[PDB]
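Chemist: Given next are the chains, with one letter for each unit.
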Amino acid sequence: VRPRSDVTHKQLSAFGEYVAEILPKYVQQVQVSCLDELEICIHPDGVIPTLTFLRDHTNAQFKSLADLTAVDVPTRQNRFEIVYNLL
Amino acid sequence: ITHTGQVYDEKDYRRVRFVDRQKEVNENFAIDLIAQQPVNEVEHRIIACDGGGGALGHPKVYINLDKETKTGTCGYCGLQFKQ
Amino acid sequence: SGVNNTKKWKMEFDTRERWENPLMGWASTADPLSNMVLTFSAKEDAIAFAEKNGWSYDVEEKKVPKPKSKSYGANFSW
Amino acid sequence: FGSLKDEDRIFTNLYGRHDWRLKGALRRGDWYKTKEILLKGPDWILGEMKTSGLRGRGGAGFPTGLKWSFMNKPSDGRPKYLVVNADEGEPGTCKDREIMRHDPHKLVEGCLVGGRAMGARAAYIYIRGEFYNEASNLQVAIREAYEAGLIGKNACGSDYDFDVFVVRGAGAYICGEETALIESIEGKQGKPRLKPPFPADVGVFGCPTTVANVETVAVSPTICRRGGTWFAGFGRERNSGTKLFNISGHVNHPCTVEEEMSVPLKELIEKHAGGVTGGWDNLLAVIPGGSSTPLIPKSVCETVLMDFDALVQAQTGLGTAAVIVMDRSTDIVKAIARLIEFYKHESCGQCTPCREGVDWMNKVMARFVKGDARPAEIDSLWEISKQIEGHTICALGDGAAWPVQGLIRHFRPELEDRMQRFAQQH
Amino acid sequence: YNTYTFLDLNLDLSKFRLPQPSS
Amino acid sequence: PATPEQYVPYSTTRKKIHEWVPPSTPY
Amino acid sequence: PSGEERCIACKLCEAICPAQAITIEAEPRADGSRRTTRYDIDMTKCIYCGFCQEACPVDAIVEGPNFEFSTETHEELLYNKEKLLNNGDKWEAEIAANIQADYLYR
Amino acid sequence: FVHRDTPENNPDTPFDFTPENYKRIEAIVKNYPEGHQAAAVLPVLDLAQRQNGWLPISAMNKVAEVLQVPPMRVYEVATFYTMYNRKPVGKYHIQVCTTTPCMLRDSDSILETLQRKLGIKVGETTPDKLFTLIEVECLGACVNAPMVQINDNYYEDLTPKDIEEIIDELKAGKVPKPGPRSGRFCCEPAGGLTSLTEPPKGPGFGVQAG
Amino acid sequence: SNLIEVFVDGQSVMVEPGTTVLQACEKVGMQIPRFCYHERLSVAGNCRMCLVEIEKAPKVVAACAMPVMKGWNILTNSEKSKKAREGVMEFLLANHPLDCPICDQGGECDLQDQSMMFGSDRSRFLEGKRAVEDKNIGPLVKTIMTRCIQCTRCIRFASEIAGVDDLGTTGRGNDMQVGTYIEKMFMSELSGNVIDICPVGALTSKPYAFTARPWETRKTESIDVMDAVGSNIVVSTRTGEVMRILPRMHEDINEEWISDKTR
Ligand SMILES: Cc1cc2nc3c(=O)[nH]c(=O)nc-3n(C[C@H](O)[C@H](O)[C@H](O)COP(=O)(O)O)c2cc1C
Ligand code: SF4
Ligand code: SF4
Ligand code: SF4
Ligand code: SF4
Ligand code: FES
Ligand code: FES
Ligand SMILES: [Zn+2]
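Residue numbers (the deposited numbering), protein chains in the order written: chain C, 46 to 132; chain R, 31 to 113; chain Q, 89 to 166; chain F, 32 to 457; chain s, 75 to 97; chain q, 98, 119 to 144; chain I, 107 to 212; chain E, 38 to 247; chain G, 29 to 291.
No wet-lab data here; the hints were simulated from the structure.
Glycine residues also receive a C-beta, built at the ideal position from the N, C-alpha and C atoms.
Be aware that a few hints might be false.
Capping the alpha-carbon separation at 30 Å, the derived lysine-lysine pairs in DSSO-like fashion look like this [unchecked claim]:
id, chain 1, residue 1, chain 2, residue 2
1, R, 97, E, 158
2, R, 53, q, 132
3, F, 365, F, 417
4, R, 53, I, 151
5, Q, 95, G, 108
6, G, 108, F, 394
7, G, 98, Q, 156
8, Q, 95, G, 157
9, F, 394, G, 157
10, q, 132, R, 41
11, Q, 131, Q, 98
12, Q, 131, G, 247
13, F, 81, F, 36
14, E, 124, E, 166
15, E, 166, R, 97
16, G, 98, G, 108
17, F, 81, F, 104
18, F, 81, G, 87
19, R, 112, G, 234
20, F, 226, Q, 156
21, s, 89, E, 60
22, G, 87, G, 108
23, G, 234, q, 133
24, R, 53, q, 133
Some but not every residue of chain I turned toward chain q, in silico, with C-beta under 10 Å [unchecked claim]:
id, residue
25, 128
26, 142
27, 144
28, 177
29, 179
30, 189
Using the sequences and the accompanying hints, generate a full structural model.
Modeler: The following block contains the structure:
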């Protein structure tokens with residue numbers, strides 16, 4: 046059974062609302078998965094704005110880019126789903 | 031000829047392979063070695079067959095030696111059991 | 089009787105030559121697009137991909153079992 | 032409470048001592064108000080049983096009146112039917128054997144009294160094949176009755192028509208089930224059906240049908256002819272009326288007495304029948320309703336009287352009210368073990384739970400008697416037991432689980448010792 | 075009693091039984 | 098407690134097909 | 107021991123072989139029994155991962171302690187059922203000791 | 038449950054209801070609704086058993102014919118019920134009740150005595166084909182827990198010596214007083230009736246205007 | 029509008045009166061694990077592997093035979109209906125012979141899956157298994173019936189689709205054996221369907237005995253040319269030779285069945 050701490054789900058969920066409030070124009074959906082990780086889904090135009098806010102904001106410094114990858118779901122109209130993981 | 035045929039027809043060009051060479055063929059056919067084995071007589075209607083081992087043999091299946099007409103044969107060892 | 093493998097639309101390609109390797113007797117092939125089975129979620133999204141890539145399609149409508157009424161007692165009538 | 036008066040004992044010919052035949056029956060005056068009763072109306076007859084509040088005299092307990100009320104609904108062009116199950120495969124049910132061997136007419140007029148209550152065209156009586164003797168006695172009795180014109184078209188000088196038939200059982204306990212008997216009559220294998228199609232709506236030969244324990248059919252005419260309320264007074268609350276009690280095993284004088292219901296369990300062996308062989312303290316346990324019901328240990332024996340409400344409080348069932356008693360010289364574990372052997376040799380095998388589950392408990396129970404099995408296995412049989420209890424198509428799987436549950440519930444220390452005994456001698 | 079007596083009683087109560095419906 | 122014996126592969130398969138053998142004498 | 111091949115052509119060992127190396131086309135062997143007519147490893151695709159010795163429910167296919175079997179040619183590595191069965195008719199004195207030595211841990 | 042055709046027990050044997058039997062056959066049918074001759078299987082199969090105890094595959098097929106049913110139907114009915122015997126039972130088929138009620142009354146105690154008297158294992162016919170012993174289950178006469186059923190005789194409260202008297206009477210002579218032995222009759226509290234000795238109240242009594 | 033409303037874990041679907049509880053789950057999209065229930069075969073209730081729990085109800089009901097009533101919410105993934113499957117699967121497996129690497133319905137088993145998804149991680153049956161005696165039902169069906177879960181699909185098909193009532197159950201108790209009391213071959217067209225309809229691999233196809241294993245078989249959907257009904261069929265090909273032809277469902281032409289000739 047998982048030892049998932051609930052503190053994290055909440056803390057991060059709260060950041061997800063923070064990011065969604067700070068950037069309403071580009072973020073289409075924010076969700077904390079049950080693996081306790083966060084995912085902010087942004088319109089493609091928000092790629093440089095959203096990542097700059099995270100790289101340079103005192104309450105959310107996300108200095109390193111862990112990876113950039115693109116899942117290809119052929120069904121979706123916009124097949125590629127570029128995903129940027131930041132630390 | 032292997033226990034499963036395979037013998038090349040004289041005309042088969044697939045015979046060059048063995049020239050200056052030979053053919054890997056196992057002389058110990060299991061069709062016969064298993065026939066060179068005593069039908070395992072038993073008292074009970076049904077019998078087990080762990081493959082002569084626990085965890086070192088084959089999955090354990092119970093065979094119904096219920097009809098002398100037929101010696102049950104565990105599908106794994108090919109061992110005939112004589113009621 | 090599991091119906092979980094009959095729910096998503098697949099786009100498989102034509103079946104070309106599957107022949108025998110002379111040396112070991114294995115099945116060999118020259119169709120690069122042989123093991124290809126793209127999986128979509130609707131007729132609309134599969135026709136789109138095929139048209140997108142320039143392949144010819146042969147859509148086949150879905151065949152869901154119709155509802156067949158079943159009752160336990162019925163087999164007790166006379 | 033107890034000490035049912037002979038003047039209140041319905042089956043007066045019990046123990047024979049009278050002419051089970053018609054002339055004995057006439058002195059019994061069993062056919063006294065039959066014409067009137069039928070004349071009164073079907074609605075009058077069901078009013079009588081509703082007032083009686085009689086419960087099912089077979090192993091299952093349900094209001095008798097409501098069950099009969101169900102097929103009192105208007106005919107849909109299929110002849111309604113009556114099925115009387117004289118099969119009593121359950122151990123200790125020699126209860127019914129009495130009413131066929133003796134006072135067979137009691138059941139014959141029970142059939143027509145009951146018949147007009149459900150408007151049945153005809154009644155089929157399924158006696159156990161073993162009771163060839165009993166089967167011979169009843170049709171002699173049935174033959175007498177028609178000769179008289181008591182049964183047949185215009186039965187008892189009345190508009191109503193009834194025909195009564197006897198069907199041969201073939202040594203199956205499951206043929207005793209509400210639905211499976213129907214299938215046996217229908218001539219297919221004796222395998223119960225599911226309850227969604229309730230017997231009333233779908234039936235013997237696909238027509239509406241109803242099934243009653245022979246005791247249930249037999250008391251109807253007397254409950255209506257006599258005062259049903261009269262009977263009601265005897266019972267306790269929902270429980271009501273006298274039900275025959277059979278006491279067998281480890282008692283000085285084993286006998287079937289129709290003494291009143293709601294009897295203290297300590298009282299019926301002590302006062303009637305025979306006091307527990309060896310003394311009332313030589314009672315390892317009591318099986319109140321027969322093999323299907325869980326046995327209750329002495330500690331609770333004297334405490335609860337015999338009635339279905341009191342027993343369900345006690346976690347046991349009145350059932351057929353067959354009292355099987357065990358002294359301290361018995362092997363509680365081997366006793367129940369043969370009842371599981373009783374059920375592996377008998378369940379139909381139609382349903383997965385019962386088929387493998389009952390065989391699985393039989394194998395574990397045999398090991399338990401030897402003591403070969405370890406102590407941890409004992410609760411695992413607990414868990415196997417409830418898997419069978421709620422999942423079975425019929426009640427027999429219900430019935431197989433209860434004795435196992437009783438042995439673990441009250442005699443868990445003894446089984447552990449048998450566990451211990453074998454481990455010590457290695 | 076004898077093996078055939080139960081059924082012979084049935085043989086006898088045939089007439090006693092009125093007609094049976096037909097599906 | 119150069120060699121001629123070289124493994125050479127097969128197709129140990131029993132040939133999995135059968136061609137019509139034409140009729141032996143003409144018509 | 108009797109002499110009966112242990113392989114009952116399950117196909118539980120190419121369905122896991124990640125290098126996709128094994129082809130075990132089978133038949134009823136005319137005793138009514140169930141055995142291979144075909145078995146194969148291409149030892150130039152295998153990865154010595156032992157996912158075939160731990161999946162085999164009968165202990166037929168093993169992965170022996172040889173590591174001196176280099177070859178001057180490509181064909182001597184595409185093992186057939188008879189270069190694996192007489193191979194197993196060679197090391198069985200040396201395999202079984204190691205199976206019996208590790209069976210508990212497995 | 039498989040009928041491997043044997044010269045004795047096979048379709049070859051000819052089975053046919055005696056002119057008298059066929060009569061009985063019809064009687065049964067009419068009991069059931071018309072066009073429901075199918076139900077006649079159990080009762081009829083029983084008369085094939087009445088005719089002959091063996092009831093071979095031939096006899097079952099015959100039953101199917103008479104009732105117009107599919108043979109498999111009849112085969113299923115015969116296999117399910119213990120009452121039917123698909124093998125030749127002995128002349129006197131002794132069945133000993135060994136459910137817990139009887140056991141506690143030493144029903145098994147009877148068994149040992151009968152095995153010795155018949156001098157044979159439990160479950161097979163005597164060489165004489167005289168008797169066949171089987172460990173049958175509850176017979177519904179628990180009150181007299183010691184109990185054995187001999188071709189309907191259904192004896193009760195049997196003790197080793199009791200069975201002794203009974204088995205000897207079967208071996209030489211017939212009809213050995215079938216029924217209980219102690220004189221407890223059927224379900225009599227052995228000590229005394231304790232009930233119903235006040236003579237029956239007669240008709241009309243208690244009517245209470247229903 | 030005689031639709032009656034019933035809740036599938038809340039989806040609140042509306043269904044015709046007389047639809048079974050199993051059928052109600054299907055329209056929401058849930059699948060009741062089932063054995064002995066086939067859509068075009070009569071409901072029998074033999075396995076009871078489909079026990080579900082309608083709401084605020086005392087006991088589990090058989091989704092194959094219970095007519096759904098008004099406003100009963102089915103709870104298909106409750107803590108109870110899983111103990112009603114974790115405990116049935118305990119039983120089917122208990123008397124089962126472990127020869128899954130013999131059973132050519134290896135990956136085509138509706139009994140390993142349901143065990144592998146809804147059943148139990150371990151076994152508690154420390155006792156002795158049973159064995160039945162292999163008989164010959166023909167040259168097309170190999171009945172290794174020690175595999176049989178007494179689900180009576182075979183008996184029904186043999187009696188309701190093919191009108192050949194040769195098959196039947198014999199014996200009671202755990203001894204029930206589903207077969208032909210006397211050894212009479214099951215000779216009829218429509219015969220091979222029994223293979224496809226027995227979820228267990230007790231009786232399977234004798235020609236396709238051990239030539240393949242289903243994960244490998246590449247499946248191409250084509251048409252029957254042997255007869256003019258033009259039955260739909262799926263040709264299962266491995267490495268380029270056809271290994272088996274089994275039916276694929278066409279409501280109008282062959283609804284899940286194909287002839288003995290075209291298989
Ligand atoms: C396995 C089994 C055996 C049964 N045997 C009998 C029986 O021998 N006699 C009987 O009256 N009821 C028997 N029953 C109960 C019947 O199913 C049914 O509930 C009862 O006969 C109805 O009678 P009542 O409503 O008059 O009590 C049995 C039930 C089961 C599950
Ligand atoms: S080797 Fe082991 S696994 Fe591979 S097939 Fe033969 S038996 Fe099945
Ligand atoms: S070891 Fe070689 S063969 Fe065995 S599985 Fe890994 S790769 Fe496939
Ligand atoms: S059926 Fe064949 S495959 Fe499915 S479980 Fe039983 S054995 Fe394994
Ligand atoms: S054979 Fe297949 S179908 Fe017939 S019962 Fe056994 S399992 Fe169910
Ligand atoms: S147990 Fe033998 S009489 Fe019921
Ligand atoms: S599937 Fe519901 S009864 Fe077997
Ligand atoms: Zn073996």
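Chemist: If a hint holds in the structure, say so; if it does not, say that too.
Modeler: Evaluated hints:
no.	hint	in the structure
1	R:97 to E:158	holds (22 Å)
2	R:53 to q:132	holds (18 Å)
3	F:365 to F:417	holds (21 Å)
4	R:53 to I:151	holds (23 Å)
5	Q:95 to G:108	holds (28 Å)
6	G:108 to F:394	holds (27 Å)
7	G:98 to Q:156	holds (20 Å)
8	Q:95 to G:157	violated (39 Å)
9	F:394 to G:157	holds (10 Å)
10	q:132 to R:41	holds (15 Å)
11	Q:131 to Q:98	holds (9 Å)
12	Q:131 to G:247	holds (21 Å)
13	F:81 to F:36	holds (23 Å)
14	E:124 to E:166	holds (13 Å)
15	E:166 to R:97	holds (25 Å)
16	G:98 to G:108	holds (22 Å)
17	F:81 to F:104	holds (16 Å)
18	F:81 to G:87	holds (28 Å)
19	R:112 to G:234	holds (25 Å)
20	F:226 to Q:156	holds (22 Å)
21	s:89 to E:60	holds (14 Å)
22	G:87 to G:108	holds (10 Å)
23	G:234 to q:133	holds (18 Å)
24	R:53 to q:133	holds (22 Å)
25	128	violated (14 Å)
26	142	holds (9 Å)
27	144	holds (5 Å)
28	177	holds (8 Å)
29	179	holds (7 Å)
30	189	holds (5 Å)
Figure legend: structure checked against the earlier numbered hints; hints not met, in rising order: 8, 25.
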